[PDB]
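S.K.: Given chain A, work out where chains B, C and D should sit, using these hints.
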Amino acid sequence: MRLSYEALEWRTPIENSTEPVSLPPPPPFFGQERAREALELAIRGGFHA
Amino acid sequence: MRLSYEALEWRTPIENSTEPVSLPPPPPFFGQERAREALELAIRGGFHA
Amino acid sequence: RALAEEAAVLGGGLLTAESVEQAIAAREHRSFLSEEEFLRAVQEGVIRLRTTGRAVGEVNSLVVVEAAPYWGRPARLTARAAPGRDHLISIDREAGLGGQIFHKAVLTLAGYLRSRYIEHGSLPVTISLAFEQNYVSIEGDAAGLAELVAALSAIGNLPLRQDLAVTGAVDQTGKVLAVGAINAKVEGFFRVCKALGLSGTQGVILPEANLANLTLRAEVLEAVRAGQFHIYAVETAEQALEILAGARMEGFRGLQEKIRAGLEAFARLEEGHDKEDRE
Amino acid sequence: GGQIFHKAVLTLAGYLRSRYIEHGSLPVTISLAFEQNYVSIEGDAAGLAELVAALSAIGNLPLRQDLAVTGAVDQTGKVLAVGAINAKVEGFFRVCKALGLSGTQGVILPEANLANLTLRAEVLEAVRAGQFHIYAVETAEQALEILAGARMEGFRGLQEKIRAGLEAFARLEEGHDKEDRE
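Residue numbers (PDB author numbering), protein chains in the order written: chain A, 1 to 49; chain B, 1 to 49; chain C, 441 to 719; chain D, 538 to 719.
A few of these clues could be false.
Which residues of chain D face chain C? A few of them, derived with a C-beta cut under 10 Å, are [to be verified]: (1) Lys544; (2) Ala550; (3) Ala594.
In case anyone wonders, no lab produced these hints; they're calculated from the structure.
We put the CB at the ideal spot given by N, CA and C, even for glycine.
Here chain A stands alone, though its shape is the one from the complex:
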């Protein structure tokens, strides 16, 4: 069955590009909650990691 363009389109639509973005820095290990939690536990408990 043929896949239409809408079913294949994956790119994020750009609404504007003349404005320079100003965003706050992300927390360390962003999108890496597992690693952040493991390191939190290792630091708080003094565990070799």
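M.R.: Positioned in the frame of chain A, the structure of chains B, C and D alone reads:
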């Protein structure tokens, strides 16, 4: 045959989750009476173990 | 003591039940990346496993992954029967060696199939056993119950339930032997079913020798109590096939009748080919 | 190439010997080859292209050369996901564009790779304009139906064509055996 929940439940029931408990220290090699007796024999007889 | 230390860290110093279960959950989740990737692939359709309806010659064999952490997960085991000499091919055991290595798992399944069904001479079927996707690391020492039930379904054109995953080892007698890491396999299948959505009929067929080893997680047991997940304990491959195919081995419209009918059909194709070659 | 027995050859042989059954054995020998050697063929996985090519050879089915076929299959015939789907689709698009697009070229890729389908801008624009097509298949039968432009069931279907090809090969074998016997 199909195993029921009561034939699969293995966790012991919890009466309470907030009440600190005090227990006497267990004797050395608790549940290890074989190793404890072997070491007792080795120490009393001077045997290499 | 290490788990207690982790619970104290997550509990602030006091090891409450909540703190200990949090420590256990965190320890389980810290090595959960492989299972997270597998579940995401299953949900996205990259790895398509059947957890509803029925299929012929296909089972959800529970396996343990190659990774150092021991995570159970289902893999689609497929068996295909063709007319010919009595020769059972384990495709994922002859993938790169060849030459009849005598894997002791092909020998066991071949012995069961040759001794159990005797209406001709050499078995009139050749069985090809394979795993869809390659993470299984199939054990060579012990033949699988899933392999046997898939071979029987392929021979007899038996639609087996895809709801139930099949795990366990079998010898030539048909008795299902205990397998290690039964909890991991059951929990992996339950994770897959929950990711795909529980239909209230998915379950696991596991050896009754592992009943003393079923220390299942809280979530799986809660599902079992609610009736959304079932656990079947079997002693022989015959009753596992009965549970999968939803009918009895003996009697009218039995499983033995269908399997012997399939074997007779393959033998008839053999003899018709011989006659056509002769004339 | 002694021993080993591969996993692709065993998979294709199992599918062919189980799906098409009128004699005690498959009456054909299938020789699969790639033209030029830059392929880096995977010995651990069967190919959907290999299976459809074998089926076309058996049944004398004219496959569309417009469509490129990628994807792995098991002995059931289920088309499995394959790595680097974007690279393969974009490479076939580059080849078609270099030779000139006719508005009918396309790629037959597993539906398991729709999660992995992040195509370049040019390929997506061509698909939007209708100059390039993408087909998602669940089983090798669907891929063969798309390639041969015919259904697997009904009058003059691909199933009966492949079965008639095997029957003709079996007739040749039995005639040769009868001649050699006497």
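S.K.: With reference to the structure, classify each hint as holding or not holding.
M.R.: Hint-by-hint comparison with the structure:
no.	hint	result
1	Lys544	4 Å, holds
2	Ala550	8 Å, holds
3	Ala594	19 Å, violated
Hint 3 from the list above is the single one not met by this structure.
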